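K.L.:
Position chains C, S, A, H, G and D with the ligands relative to chain R; hints supplied.
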Amino acid sequence: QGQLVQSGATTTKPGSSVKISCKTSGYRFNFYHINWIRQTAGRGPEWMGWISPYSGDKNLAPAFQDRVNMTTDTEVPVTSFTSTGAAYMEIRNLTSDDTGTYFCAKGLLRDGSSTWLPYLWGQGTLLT
Amino acid sequence: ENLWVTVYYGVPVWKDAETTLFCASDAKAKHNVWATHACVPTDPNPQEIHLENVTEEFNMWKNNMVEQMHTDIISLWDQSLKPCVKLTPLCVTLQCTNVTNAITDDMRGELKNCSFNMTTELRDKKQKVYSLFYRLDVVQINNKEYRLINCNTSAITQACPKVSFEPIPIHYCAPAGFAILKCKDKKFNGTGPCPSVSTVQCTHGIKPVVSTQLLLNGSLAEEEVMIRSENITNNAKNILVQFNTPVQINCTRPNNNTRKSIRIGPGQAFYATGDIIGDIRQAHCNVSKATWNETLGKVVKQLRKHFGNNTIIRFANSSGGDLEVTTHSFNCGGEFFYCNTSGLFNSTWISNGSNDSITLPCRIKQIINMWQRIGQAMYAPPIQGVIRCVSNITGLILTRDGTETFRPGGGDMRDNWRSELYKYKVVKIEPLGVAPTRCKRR
Amino acid sequence: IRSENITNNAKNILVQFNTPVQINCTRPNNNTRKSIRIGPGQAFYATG
Amino acid sequence: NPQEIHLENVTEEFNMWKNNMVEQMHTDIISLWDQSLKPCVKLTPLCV
Amino acid sequence: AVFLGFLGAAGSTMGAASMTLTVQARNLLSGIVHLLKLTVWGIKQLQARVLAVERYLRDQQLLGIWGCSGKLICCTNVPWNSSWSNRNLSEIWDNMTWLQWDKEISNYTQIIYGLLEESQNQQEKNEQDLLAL
Amino acid sequence: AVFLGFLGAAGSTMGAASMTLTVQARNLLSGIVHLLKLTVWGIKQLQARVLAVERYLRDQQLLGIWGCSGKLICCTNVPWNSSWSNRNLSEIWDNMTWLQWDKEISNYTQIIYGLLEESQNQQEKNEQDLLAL
Amino acid sequence: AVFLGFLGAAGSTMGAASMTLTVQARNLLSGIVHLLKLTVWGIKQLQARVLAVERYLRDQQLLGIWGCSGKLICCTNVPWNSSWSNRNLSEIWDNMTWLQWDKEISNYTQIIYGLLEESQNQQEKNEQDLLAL
Ligand SMILES: *[C@@H]1O[C@H](CO)[C@@H](O[C@@H]2O[C@H](CO)[C@@H](O[C@@H]3O[C@H](CO[C@H]4O[C@H](CO[C@H]5O[C@H](CO)[C@@H](O)[C@H](O)[C@@H]5O[C@H]5O[C@H](CO)[C@@H](O)[C@H](O)[C@@H]5O)[C@@H](O)[C@H](O[C@H]5O[C@H](CO)[C@@H](O)[C@H](O)[C@@H]5O)[C@@H]4O)[C@@H](O)[C@H](O[C@H]4O[C@H](CO)[C@@H](O)[C@H](O)[C@@H]4O[C@H]4O[C@H](CO)[C@@H](O)[C@H](O)[C@@H]4O[C@H]4O[C@H](CO)[C@@H](O)[C@H](O)[C@@H]4O)[C@@H]3O)[C@H](O)[C@H]2NC(C)=O)[C@H](O)[C@H]1NC(C)=O
Ligand SMILES: *[C@@H]1O[C@H](CO)[C@@H](O[C@@H]2O[C@H](CO)[C@@H](O[C@@H]3O[C@H](CO[C@H]4O[C@H](CO)[C@@H](O)[C@H](O[C@H]5O[C@H](CO)[C@@H](O)[C@H](O)[C@@H]5O)[C@@H]4O)[C@@H](O)[C@H](O[C@H]4O[C@H](CO)[C@@H](O)[C@H](O)[C@@H]4O)[C@@H]3O)[C@H](O)[C@H]2NC(C)=O)[C@H](O)[C@H]1NC(C)=O
Ligand SMILES: COc1cnc(-c2csc(C(=O)NCCO)n2)c2[nH]cc(C(=O)C(=O)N3CCC([C@@H](C#N)c4ccccc4)CC3)c12
Ligand SMILES: *[C@@H]1O[C@H](CO)[C@@H](O[C@@H]2O[C@H](CO)[C@@H](O[C@@H]3O[C@H](CO)[C@@H](O)[C@H](O)[C@@H]3O)[C@H](O)[C@H]2NC(C)=O)[C@H](O)[C@H]1NC(C)=O
Ligand SMILES: *[C@@H]1O[C@H](CO)[C@@H](O[C@@H]2O[C@H](CO)[C@@H](O[C@@H]3O[C@H](CO)[C@@H](O)[C@H](O)[C@@H]3O)[C@H](O)[C@H]2NC(C)=O)[C@H](O)[C@H]1NC(C)=O
Ligand SMILES: *[C@@H]1O[C@H](CO)[C@@H](O[C@@H]2O[C@H](CO)[C@@H](O)[C@H](O)[C@H]2NC(C)=O)[C@H](O)[C@H]1NC(C)=O
Ligand SMILES: *[C@@H]1O[C@H](CO)[C@@H](O[C@@H]2O[C@H](CO)[C@@H](O)[C@H](O)[C@H]2NC(C)=O)[C@H](O)[C@H]1NC(C)=O
Ligand SMILES: *[C@@H]1O[C@H](CO)[C@@H](O[C@@H]2O[C@H](CO)[C@@H](O)[C@H](O)[C@H]2NC(C)=O)[C@H](O)[C@H]1NC(C)=O
Ligand SMILES: *[C@@H]1O[C@H](CO)[C@@H](O[C@@H]2O[C@H](CO)[C@@H](O)[C@H](O)[C@H]2NC(C)=O)[C@H](O)[C@H]1NC(C)=O
Ligand SMILES: *[C@@H]1O[C@H](CO)[C@@H](O)[C@H](O)[C@H]1NC(C)=O
Ligand SMILES: *[C@@H]1O[C@H](CO)[C@@H](O)[C@H](O)[C@H]1NC(C)=O
Ligand SMILES: *[C@@H]1O[C@H](CO)[C@@H](O)[C@H](O)[C@H]1NC(C)=O
Ligand SMILES: *[C@@H]1O[C@H](CO)[C@@H](O)[C@H](O)[C@H]1NC(C)=O
Ligand SMILES: *[C@@H]1O[C@H](CO)[C@@H](O)[C@H](O)[C@H]1NC(C)=O
Ligand SMILES: *[C@@H]1O[C@H](CO)[C@@H](O)[C@H](O)[C@H]1NC(C)=O
Ligand SMILES: *[C@@H]1O[C@H](CO)[C@@H](O)[C@H](O)[C@H]1NC(C)=O
Ligand SMILES: *[C@@H]1O[C@H](CO)[C@@H](O)[C@H](O)[C@H]1NC(C)=O
Ligand SMILES: *[C@@H]1O[C@H](CO)[C@@H](O)[C@H](O)[C@H]1NC(C)=O
Ligand SMILES: *[C@@H]1O[C@H](CO)[C@@H](O)[C@H](O)[C@H]1NC(C)=O
Ligand SMILES: *[C@@H]1O[C@H](CO)[C@@H](O)[C@H](O)[C@H]1NC(C)=O
Ligand SMILES: *[C@@H]1O[C@H](CO)[C@@H](O)[C@H](O)[C@H]1NC(C)=O
Ligand SMILES: *[C@@H]1O[C@H](CO)[C@@H](O)[C@H](O)[C@H]1NC(C)=O
Ligand SMILES: *[C@@H]1O[C@H](CO)[C@@H](O)[C@H](O)[C@H]1NC(C)=O
Ligand SMILES: *[C@@H]1O[C@H](CO)[C@@H](O)[C@H](O)[C@H]1NC(C)=O
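Protein sequences appear in the order of chains R, C, S, A, H, G and D.
For the first sequence, position 80 (counting from the first letter as 1) is numbered 80 according to the numbering used here, and the numbering increases by one without interruption.
For the second sequence, position 360 (counting from the first letter as 1) is numbered 360 according to the numbering used here, and the numbering increases by one without interruption.
For the third sequence, position 30 (counting from the first letter as 1) is numbered 30 according to the numbering used here, and the numbering increases by one without interruption.
For the fourth sequence, position 21 (counting from the first letter as 1) is numbered 21 according to the numbering used here, and the numbering increases by one without interruption.
For the fifth sequence, position 33 (counting from the first letter as 1) is numbered 33 according to the numbering used here, and the numbering increases by one without interruption.
For the sixth sequence, position 92 (counting from the first letter as 1) is numbered 92 according to the numbering used here, and the numbering increases by one without interruption.
For the seventh sequence, position 20 (counting from the first letter as 1) is numbered 20 according to the numbering used here, and the numbering increases by one without interruption.
Be a bit skeptical, because a hint or two may be false.
Derived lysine-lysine pairs resembling BS3-like cross-links, with alpha carbons at most 30 angstroms apart [to be verified]:
(1) H:71 with C:15
(2) C:207 with H:37
(3) H:103 with C:184
(4) D:125 with G:71
(5) D:44 with A:42
(6) R:23 with C:184
(7) C:207 with C:237
(8) H:125 with H:71
(9) A:38 with C:126
(10) C:15 with C:82
(11) D:71 with G:71
(12) R:23 with C:187
(13) C:30 with H:37
(14) C:162 with G:125
(15) A:38 with C:30
(16) C:260 with C:126
(17) C:440 with D:71
(18) C:162 with C:28
(19) H:125 with C:428
(20) D:125 with H:71
(21) C:82 with D:37
(22) G:125 with H:71
No lab work stands behind these hints: they were computed from the structure.
Pulled out of the complex, with its shape left as it was, chain R reads as follows:
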């Protein structure tokens, strides 16, 4: 299983800095990365970055190098293999050209070559 509910689809105007939430269930939040993906209309879908809910290690594209803050808070043990988590997303020098739908997707495997691969996605959020 696994669910990733995202925040609301409210809108702002250029110059601001919005926070996007992603709440997880049905799986151990620490065991898989959390990816942030952007599907703009005036560009192809872009991978923004992933972060480790276990090790805190983050990795984002150089196009978002000094403009994005990725944070996650510690999980909550529900069962032996189930926990609830949350991931956060921020933008710095923000304009209106960053308009589109934003998704959060967790990693694929816990090890191997496709560890962090965005596998299970959220329902997305509309922006400005």
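P.N.:
Frame of chain R; chains C, S, A, H, G and D with the ligands shown alone:
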């Protein structure tokens, strides 16, 4: 695609289980009632392996270790009181007088000077001997004639005076093929999924201290002050609070007593109380009024999380029961104290000293009964000299009544052991594992 | 019928039925048990 | 057949004053006497 | 290197735990479990001693009737009936832990133990017939 | 198929019983044999537990010193001295049962156990010398 | 031939003692060690019984985690670090006895037991990868 079963021996997977736990102890060598000399020597390197990424379920209210320790300690006492003296000749008529009158009215009958006829080494010749007895060990006949408290309900066996009642740290260990899982969560409730989990070959040093209301010489929390019950909304389930700071208590029996041996038969000797050297004073306990109020406030704060930031909770004394449960009963240097605690639980706290200490008047018993069965009682031989012990109050055993009010109690011996074994859990190892992979024999 | 030496009269014959012949036993006297304290923790159960 | 194997070329160290067999036999015999005198008569009425 | 310790890789992936099996294998019979005094602690320890060897040999008994004596990773000739678990290899050894794997394979653990049993009886019968010439 | 059960082929031919050895092998240590209370039934059960493992390992010990560890049908290098039994193969495996066979081979069972013992000691010495290059 | 007996070659050279290992192997579990009466002699004998199987299996456990199950002379892949003993082969097997050899190799006996342990874990992992095709 082409997948066959592949067998793996030694896979890190376990299942909950019940097993026999043996005892481990450290090197100290007389012989305590807990027989710690017969336990396997504990490793000077108490190995603890941390189980990263593991999240185990715990349930201190179904834990089997507490039910096993409850029977072990009782068996240790049964094992130690078997070969000792049967005091059935003591169940005889006693001619008692108060010992040294004139002090404070009805506090002179608290200890009596009783004389009685006793069997000697010769079966056909009696002796008139006397002994000092506390009031809680005698009852009248209705004249100044008395008898021991237990003569109509129980046979009495005095403890072999070479045994020590001082608790010694006991380590519980699981056999090979089993494991002990500790919950490292510093704010752990007692039940539920504990995130931080580590495995240990043996548990930490657990002193088998049997006390009432106040938990002594126990372990302390590292953060806040936890409160543990299986159904806190139920008023009939004892609340087990566990401090993080130790509120010190000083108990003493200032009466300098002398032990007089009395030959009641061939090889049989009854240890009577000779007399009192110096002042006949009152045994009691001190506890810093400042630290007890501060620590009692922390319990209030954590009790608020289960009853609301606005509600009002109050502390009252025991609401009745047996003497062992209505008082802070414990063992101090041999003698069994029974301390009034109306001064510790007499406070109402609102929604939102510093020099002296509060004292606790304790009475002393010698004929103490077995808690489980009826018909079995022990005679604690008289301790010579002045007694004084210094220990830590590290927890409580409270009771809700259904704005809020909390009173102490707890005559169940396994509530003591729950306060120390809540972190631990017994699981069995199952090292055989089968899984698919593209590997085929031959 | 089972014995080790049936021709020997000093070896008990153990017969085993195939049908059960029922037997009803009873003591109709309604007795009362009276406890008597013969010592500390010791009680003798007499017939009241 | 009390089998005894001779250990040729071997030279062992002994110390009868630290031997554990004597400390074990000392307790065994005492336990045998304790085991045998448990179920026998207590003559406490004779102390008259 | 790493060396997590006894059960140290209980939360690691099955493939990562499958590289530290000696870590658990050696602690299945030792520990701290010299006269036999039958006190409350002595009877307790004696049972702890017999219980360890008993459970240890029951695992070695199954390991023997499968032709895996003295092995930590032995391969068999019993194919993986996908009704046991249709999960793929990459999502098993790089994803699951041995604890949650045993949780879902638990129903068929007695079925598989029978297929490994008679496969070894027939294989040893085949080897005898091949050495009959 | 058939599946006669534990000792189910005790009266069958040696060859037919030689196809259901796992049926007896798995019941040599299990059964029904958790605290150790030393009551009349507790002492009785504890002995029943130690007795099973003791006898089980004595058979595995001989199976080890013969080079047959974890085997149900192992072949050896000890030829069959016809003075043991001059019976032919067809009148042994398609005729006798294991019970009556053990009854007539009973005298030489200690002789054969010695030939299998030193044959394994010399074979392992041969394998070491062959791997010394 | 010779047949010195149980421990009969304790004072012989290591090579000569290395030809009579079955002589000691068979007496590691038998002897004279049927009801369990808990008398002073009965408790004594029961401990003697559990102690034998316990020590016997601890040696077989190490022999298993080294890949030497059911072997008297198994060869390994752990090279001889000369810091253990710089003595030459001829002055070891035609000179020393096993008793005095164990006396000087005693410090490194725990070091060697670890190298044999993980060498077997990695070898079985190699054999699985080779049979994955
Ligand atoms: C748990 O908590 C419990 C509760 O807190 C606690 O219990 C406490 O236990 C201890 C020990 O068990 C108790 O300590 C005792 O205290 C006695 C009383 O001491 C106080 O009072 C005296 C006398 O007061 C009069 O005199 C002064 C002037 O000197 C006036 O100012 C007073 O107002 C009063 O005089 C008027 O009032 C009278 C009536 O009220 C009138 O009759 C009178 O005419 C006047 O009008 C004071 O002197 C004391 O001061 C000393 O202590 C203070 C601190 O309080 C210090 O600054 C300083 O050290 C002072 O010296 C104090 O205020 C003590 O008498 C008693 O010690 C004696 O008894 C023991 C045993 O009996 C002896 O072994 C010991 O040697 C002492 O004997 C000496 O004194 C007697 C009496 O005079 C002599 O007869 C004797 O010969 C001997 O004299 C020698 O020593 C003298 C000094 O030591 C010296 O002066 C002589 O010259 C000679 O050398 C003991 O210490 C304490 O009371 C308990 N607490 C309470 C609340 O009761 C427990 O311990 C806690 N812990 C636990 C359980 O673990
Ligand atoms: C407990 O559970 C957690 C969560 O499942 C486990 O953490 C995961 O472990 C696996 C395996 O160890 C990880 O998979 C690997 O992922 C790396 C990608 O990370 C690399 O890239 C980072 C960003 O570019 C980089 O910063 C890292 O470099 C160092 O820096 C960090 C800083 O924190 C440090 O922590 C690192 O350790 C590095 O030192 C990092 O290198 C990827 O490179 C791996 O692929 C290689 O290895 C595999 C085989 O393992 C091989 O197949 C590949 O081809 C390649 O060679 C591998 O995929 C995963 O990222 C971890 N985190 C998750 C899943 O969120 C943890 O191990 C568990 N522990 C226990 C004890 O159970
Ligand atoms: C004290 O209780 C007993 C009295 N006598 C006999 C007895 C005589 S003879 C005989 C015998 O031979 N048995 C063989 C067949 O039966 N056994 C007992 N045996 C087992 C006993 C217990 O474990 C037991 O009840 N406990 C434990 C000690 C407690 C305590 C402290 N410290 C405490 C006491 C009061 C206040 C605070 C703390 C509390 C309760 C026990
Ligand atoms: C408890 O009561 C007993 C009485 O049953 C007390 O024993 C008696 O105590 C008195 C007073 O000490 C003794 O008398 C004294 O005898 C000595 C020696 O001859 C003499 O010098 C004194 O002047 C005084 O007369 C008496 O002998 C003694 N009797 C017995 C049988 O012991 C006991 O003292 C009381 N104990 C306490 C603590 O009050
Ligand atoms: C709680 O723990 C403390 C410390 O572990 C216990 O204090 C110990 O109490 C005993 C007896 O009260 C002391 O033994 C005594 O030592 C003195 C001095 O040698 C001697 O005169 C006495 O005869 C007796 O042997 C012991 O020293 C003391 N230890 C320390 C460190 O203070 C306390 O009793 C425990 N309380 C409970 C209720 O378990
Ligand atoms: C309790 O009383 C005993 C005597 O009944 C005291 O023991 C004496 O101690 C002193 C030490 O100064 C010795 O010189 C005496 O020889 C002892 N007498 C006996 C009979 O033993 C003991 O000191 C008293 N304890 C206290 C705390 O006062
Ligand atoms: C209980 O007794 C102990 C020791 O008798 C007291 O601790 C002492 O406190 C004083 C304070 O000035 C220190 O100087 C000592 O070093 C302390 N002794 C020890 C052994 O720590 C303690 O204060 C007493 N508490 C109560 C409530 O009476
Ligand atoms: C009472 O509690 C204090 C504090 O928990 C104990 O003192 C600690 O003792 C440990 C012993 O391992 C030391 O490592 C700590 O440094 C001590 N801390 C402090 C603040 O003293 C004390 O031992 C307890 N006493 C009793 C009798 O239980
Ligand atoms: C045997 O006698 C006892 C009394 O000695 C009888 O017990 C009474 O039973 C009736 C039932 O109808 C109750 O109402 C009484 O309260 C009982 N009395 C006592 C003292 O227990 C018992 O019924 C008699 N049994 C028979 C078979 O007659
Ligand atoms: C992201 O936000 C948190 C919020 O407190 C802040 O502490 C952290 O420094 C931020 N990250 C960066 C790279 O500024
Ligand atoms: C003991 O003293 C109390 C209080 O003065 C008194 O009521 C009681 O009668 C006395 N008992 C004896 C036996 O002297
Ligand atoms: C002891 O027995 C005598 C009878 O000889 C009796 O008069 C006396 O009161 C008895 N003493 C006690 C203390 O019971
Ligand atoms: C104990 O804490 C756990 C932690 O989640 C909680 O689920 C449970 O309800 C708590 N129980 C009580 C009685 O407080
Ligand atoms: C706790 O007690 C209340 C009433 O006292 C009851 O309604 C509730 O069901 C109990 N909870 C559990 C888990 O038993
Ligand atoms: C509790 O306090 C009240 C108030 O004086 C008192 O009457 C009662 O006896 C006390 N109970 C106990 C057990 O101390
Ligand atoms: C306890 O003390 C209070 C006052 O301190 C008193 O009212 C109460 O009766 C005492 N309890 C007992 C059982 O003596
Ligand atoms: C019991 O029956 C067997 C059956 O053949 C017979 O041989 C034997 O003689 C009988 N014994 C007695 C005592 O009847
Ligand atoms: C049975 O008893 C008779 C005489 O009582 C005796 O002649 C015969 O030998 C006995 N049979 C056996 C088998 O002992
Ligand atoms: C899988 O198992 C079922 C019964 O457990 C059996 O009927 C079926 O034929 C098996 N299929 C394969 C492919 O092994
Ligand atoms: C990993 O295992 C869990 C166990 O339920 C499963 O839900 C998840 O889908 C698995 N991951 C992949 C990528 O299949
Ligand atoms: C195992 O059997 C239980 C029986 O109710 C069933 O609920 C469960 O789904 C089964 N699991 C698998 C993996 O077959
Ligand atoms: C058969 O065994 C005897 C002694 O048991 C021996 O003398 C004889 O040589 C053996 N013959 C063969 C052919 O093995
Ligand atoms: C076994 O030895 C006994 C000894 O008397 C003999 O009677 C029997 O015939 C022998 N059997 C075989 C098969 O050698
Ligand atoms: C021998 O062992 C030491 C440590 O025990 C190690 O440092 C050294 O590299 C080893 N040398 C060889 C040749 O194995």
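K.L.:
Next, verify each hint and record whether it holds.
P.N.:
Here is how each hint holds up against the structure:
no.	hint	verdict
1	H:71 with C:15	holds, 23 angstroms
2	C:207 with H:37	holds, 23 angstroms
3	H:103 with C:184	holds, 24 angstroms
4	D:125 with G:71	holds, 23 angstroms
5	D:44 with A:42	holds, 28 angstroms
6	R:23 with C:184	holds, 26 angstroms
7	C:207 with C:237	holds, 24 angstroms
8	H:125 with H:71	holds, 21 angstroms
9	A:38 with C:126	holds, 29 angstroms
10	C:15 with C:82	violated, 39 angstroms
11	D:71 with G:71	holds, 14 angstroms
12	R:23 with C:187	holds, 24 angstroms
13	C:30 with H:37	holds, 19 angstroms
14	C:162 with G:125	violated, 63 angstroms
15	A:38 with C:30	holds, 26 angstroms
16	C:260 with C:126	holds, 18 angstroms
17	C:440 with D:71	holds, 25 angstroms
18	C:162 with C:28	holds, 16 angstroms
19	H:125 with C:428	violated, 36 angstroms
20	D:125 with H:71	holds, 11 angstroms
21	C:82 with D:37	holds, 22 angstroms
22	G:125 with H:71	holds, 23 angstroms
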